[PDB]
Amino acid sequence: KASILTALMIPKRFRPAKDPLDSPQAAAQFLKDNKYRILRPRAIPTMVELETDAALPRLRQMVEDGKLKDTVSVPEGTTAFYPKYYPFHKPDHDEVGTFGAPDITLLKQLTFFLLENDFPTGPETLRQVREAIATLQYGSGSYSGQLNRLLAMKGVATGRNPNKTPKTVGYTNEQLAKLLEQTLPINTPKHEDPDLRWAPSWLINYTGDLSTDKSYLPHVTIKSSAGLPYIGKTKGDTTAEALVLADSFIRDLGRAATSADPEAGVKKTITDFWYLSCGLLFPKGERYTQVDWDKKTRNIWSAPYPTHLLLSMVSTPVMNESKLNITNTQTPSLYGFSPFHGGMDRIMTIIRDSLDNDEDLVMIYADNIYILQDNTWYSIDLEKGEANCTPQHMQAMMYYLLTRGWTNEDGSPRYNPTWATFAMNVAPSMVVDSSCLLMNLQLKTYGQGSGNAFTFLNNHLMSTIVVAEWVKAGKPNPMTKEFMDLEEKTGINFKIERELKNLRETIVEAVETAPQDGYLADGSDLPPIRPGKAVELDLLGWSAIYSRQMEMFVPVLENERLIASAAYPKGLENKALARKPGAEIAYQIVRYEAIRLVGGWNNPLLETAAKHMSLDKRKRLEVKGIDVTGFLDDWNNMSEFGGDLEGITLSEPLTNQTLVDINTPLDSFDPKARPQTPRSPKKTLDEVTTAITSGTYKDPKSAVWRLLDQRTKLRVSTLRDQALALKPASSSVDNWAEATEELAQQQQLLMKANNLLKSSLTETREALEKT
């Protein structure tokens, strides 16, 4: 019985608090009170329509065939205005909806299945999912979170442990290159890949013939933001515009560098294209802690499309040929590592051999360092990695790419003076210690902009410096003051995230506790009643579990990430796909299959509930006669785990065979059969560090490489003379090597004049900030 009034008419949803910093005045005052640098704002000319065939003559046929729009919009208007960027912060105080909704259906299913099954780890799984729903929130944070994050970046760059250039730490570019030959081994781009000699639009071959139509340019994310000067547009809406701007920037830089006044011309070009150095401060979608919603929102520094394209032309042809890591090469690098197809078992073999031989082991992946020492596994992270970067760290990376990558077999460069100018003299100041845009505020960026094309490379170089210093200090244990003292020595902040003690014993336990029943145990299509012990390496988010069926370690997503993803799944996030009938149900099948694939299969309660949910949805589709095989075959794009499992289809339900297939190696592994690094093959990181400590490799031997190192020290007014010094090697003229040797000797002599010594990175920053 209820009242007529009533008759007439699980954790609660998180509602973010009202944000007092959601206005430019309140945000600017907050930054000023915290001594965070706000730049004097710069303006961008309004858009003007130009004919595509006049602006992009190489693409005339594409316009004629109606495959490319006949006009391009370029910032050449008579009036200039200050740009404004307003991100979407969801959920927020006024809107708590489907976006960022926890998976309450899964929570209810986990509860129903726990009541029917005696899984000993079931109560803890349910408690963890419930706790993640109650304490976390998937979404894009707030203005307060973004602003507090900027303060933390400034603190890392300038606070307790101010940043240090590699030169201040004590490394020349050549010494860093010698370390990188070991920690980031690279191959040269393919011989058929064009050298760095052209405007980007010249790398597009279009005639209409599908057999020959090709682009030699990097690939792009069509749906990603165009960045400045096209706020609110995607890369798909602005490709022709990005080509026009990237061609103009490189052309104007090249012409200015060899002009009668290189300083005036180069500074003018940099100031005219200032917006190419300013990133949109995009709030990253993550599973944030509810209590810290307004204290921390991670940011993506959204690079202008022309800058992204020019930087990617330098890095991508090298990196595409350099998937060299500890599982296939004798290097500490984890670049291109996948734990699938036997990857995790290769890591476990290396770890086990190190333990048996009483050897220390180090692995590097961008801002992640893994150390095995004293029967202990250490997972180390640079503290807010990107904030530690100086423009000189990126310049050292450019030096490494141009000397080890962009070089012909005879030692001649695979670039001309224009591209050496962009790469060495200008590019590092465009994305490091430059600026970002939030609302109408042009803010200083402390360190490198997170998300720029060189994010991984610059972070990897900073970790390389920390590791080289650890080797130099006699490998002090990560838990000691001697290890923590490397922060001040390098100017790079870091912290120990995990300490996995009694490693040898933990590995023995993982093998011995491997279940006899279920998936990868006796090979049935059921989770084990009692999962075995995981080796919680947190190796790029992965733990290792022993399989009795396959007699190898296989990866499982770290428990905490698995639980967070089960509690707050990412939505479809594609409005076009969402409007197609069956896309939502296909995405739900994908969500439950992918959570099982990455490690849910080994969690009996999670596996039971997720299997029921995907099977129930497949049965409904079968009864209804609705075919979603198309969406299920092309599942990767609709899953946060899509990049982890390429080449598999979800059209058939997950079975033990799926788990076997994703873990099957193409080849057997012998760690001793791994090739040595392409450069200095016989040398190890330890031998390189010893050589450096003794004062070796200060200067490269190659005259071409010496010109590139001198390029980092000479002021922009010397660019015309530097172009003349590089011209014989760049043109591969008869006797170029002797000519280069002579020109490098003459330039070294002229450098005795201190008035000619100024970093072009400082000159670039000054021109970018000019008002």
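In this text, rigid core is short for the largest set of C-alphas that superpose within 1.5 Å between two forms. Residue numbers count along the first chain shown, from 1. What changes on going to the form solved in complex with its partner chain:
- In a rigid core superposition between the two forms, 580 is the single residue of 197, 580, 323, 495 whose Cα is displaced by 2 Å or more.
- Comparing the forms between the two forms on their rigid core, the Cα displacement of residue 67 reaches 2 Å or more.
- After superposition on the rigid core, displacement of the C-alpha of residue 474 between the two forms stays below 2 Å.
- After superposition on the rigid core, the Cα atom of residue 695 is displaced by less than 2 Å between the two forms.
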The other form holds:
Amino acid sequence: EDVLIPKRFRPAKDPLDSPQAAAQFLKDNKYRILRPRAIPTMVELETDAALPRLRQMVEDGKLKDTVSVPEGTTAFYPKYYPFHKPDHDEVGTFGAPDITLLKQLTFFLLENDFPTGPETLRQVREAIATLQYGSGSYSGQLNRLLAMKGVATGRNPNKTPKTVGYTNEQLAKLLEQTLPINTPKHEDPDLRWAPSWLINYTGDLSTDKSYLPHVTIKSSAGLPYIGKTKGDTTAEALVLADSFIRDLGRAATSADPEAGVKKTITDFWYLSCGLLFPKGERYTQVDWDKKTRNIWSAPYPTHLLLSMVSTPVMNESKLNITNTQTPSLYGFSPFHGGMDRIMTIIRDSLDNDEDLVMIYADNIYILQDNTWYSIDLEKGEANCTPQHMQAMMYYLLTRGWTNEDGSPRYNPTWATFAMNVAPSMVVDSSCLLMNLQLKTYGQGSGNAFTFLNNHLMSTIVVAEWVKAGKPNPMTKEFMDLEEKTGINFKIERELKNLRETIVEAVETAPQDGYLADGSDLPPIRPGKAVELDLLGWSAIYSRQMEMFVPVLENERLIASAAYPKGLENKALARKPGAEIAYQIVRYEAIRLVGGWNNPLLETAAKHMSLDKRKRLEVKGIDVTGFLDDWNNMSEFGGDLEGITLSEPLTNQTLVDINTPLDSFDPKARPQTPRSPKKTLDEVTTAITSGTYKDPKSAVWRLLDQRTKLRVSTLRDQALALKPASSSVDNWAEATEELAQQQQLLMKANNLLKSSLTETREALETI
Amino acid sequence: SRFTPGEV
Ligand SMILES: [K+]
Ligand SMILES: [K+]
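The structure above corresponds to the form deposited without its partner chain; please provide the structure of the form solved in complex with its partner chain.
The next block holds the full complex; its first chain is the one shown before.
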């Protein structure tokens, strides 16, 4: 009645929703508040004047005729006041639990003796009663900042790779194994130009092209354009990103590179300050004001410049354990036989009594002693030092941005941005909340390098596990790697008696229903799942397909059923029939990702899906287009890219999403592009012995030296890289002689200072 | 073959 349905959660009044109360709380907790910096007042300039090369893009309507730039004689302090919903005064449709589904689950439990039915109903009701989908609160966000600072500086303070004992080259040798990469396509431009110069526009569809990375148009522009999207500020971003990279390049080759580079960095300070966006999630009601995860929303120009380094490399590097002999999980999909490929790799390891490691950003998976371990970095991003990102930049510029002859696919200006400035713009820099400019501890979550920097930190933890003789994750010896690496982590899952569990999963596989005998019905009694929680997926054995298939981890499935995400796109929500199409999508997607294998959930969701489809026929609205392009309407859209929901879900839909394109032979997987014959273990034993301290390549040696020399030496460094980046006659011997020359002047300790510290100082100058 | 639009 009103006892079955839990009461709606009404968040308490937030006592820290004012700058005074927020500042006092952070002060009482010793959290660093910066002296606020101001942005010059916006000036409405002619886009034709600011971007003359793109005059044709203005007249064709691809850019606004005016551009607003911070050039004014007066300045302003930026202010960012995000919405937190639901809140004490607004408990509406946003974050509303699916009470209709709870009613349906109860009715079908009344009529069906499903052995897992009572546990499914209780779990959905408990999730509705204890969880809340929403954007948390100011208190939640502020307490989260304290927890991040705690991971960075508390019980286990962060350590740079150098402090742990790795050079840039030693880390690169590990990343060749844990994150194998290819070079960007030959047709893609080198890192040598201003972003706007990557736009080739005239009108001709046969030639017109943009080599810039794809951006989310509806996402936040960030500073200095609060309240604007990326689509709203395209011209502004190009003008600002162009001016920053050009002013940096000029300043570095000026009569005083230290004063020049520092002036540019302070003039564009706001390019290092992220809007502290409250992340929409299924939070615990009891901890609503204790924890709101934060999205560090990078300014559009900073995101564009960073993405120009990473995305041309990563587009060509979808290499993982299912298609390459690497522990990496980058670009993994459990669909189209992905999960069965993983289960084949796991089963072969267990039969051959071999240990196994898998890495995905802040997620580590270890198979040892007939046990599966899921290890996650604790609040990952907070463990990142600017030096971790600098080591990733080294790896991308040496292994990615390199020609076949070994010459660099970048010039000194882009080597300066990537190595000497960029890591301090998004790591240990600052954020904006209300009128408060707060310190950021670690890397800003959501920045372009979030995955890459987290993947490098997990690589360090895994390399140290291999070095320590692979101690079991449940022992003190493994937990001691926290202090050894400066990286906090925790064992999130332990799946004991793995061999036996896989045998049980195969033997308990149902004979009835979906992917079993092929009828359009859930099994009465589902088989045992292999609860790997591999990027949120469990494995279930299919008798029909004779393979393991993925099912969304139970806790995630229940949370998503209890609190569905609605249409979080104003434009699509405005379109007619979209909201009623979303209703069908919600119940079909929950079935697709794994609800099909939960008999109570599948009976209730199928009913909801067909009843919503019947309501659509009554109103006479055609939503076929929306149901075909359902991906953008669902949180589960990012997987099943080529499936349509225009026809109701059947057993054939489940067969199709699990159909492999090719047969799998693990021995047939190509080796990594670099050091193919070497295993991660052989690389670790070499590093332990002191190998790969310095790269053999003089170009790479110059890039490593660049991480150690102060900003006043940048012009000399530019002269050292100029022959190689220009590919002049006999550049190799010239770069070789210039590196040897630069190595000698490095005996002057006064020339040794991290440019990353110099960047941070200038960013925080008043 | 490589896009070359002057470099920064
Ligand atoms: K730490
Ligand atoms: K290899």
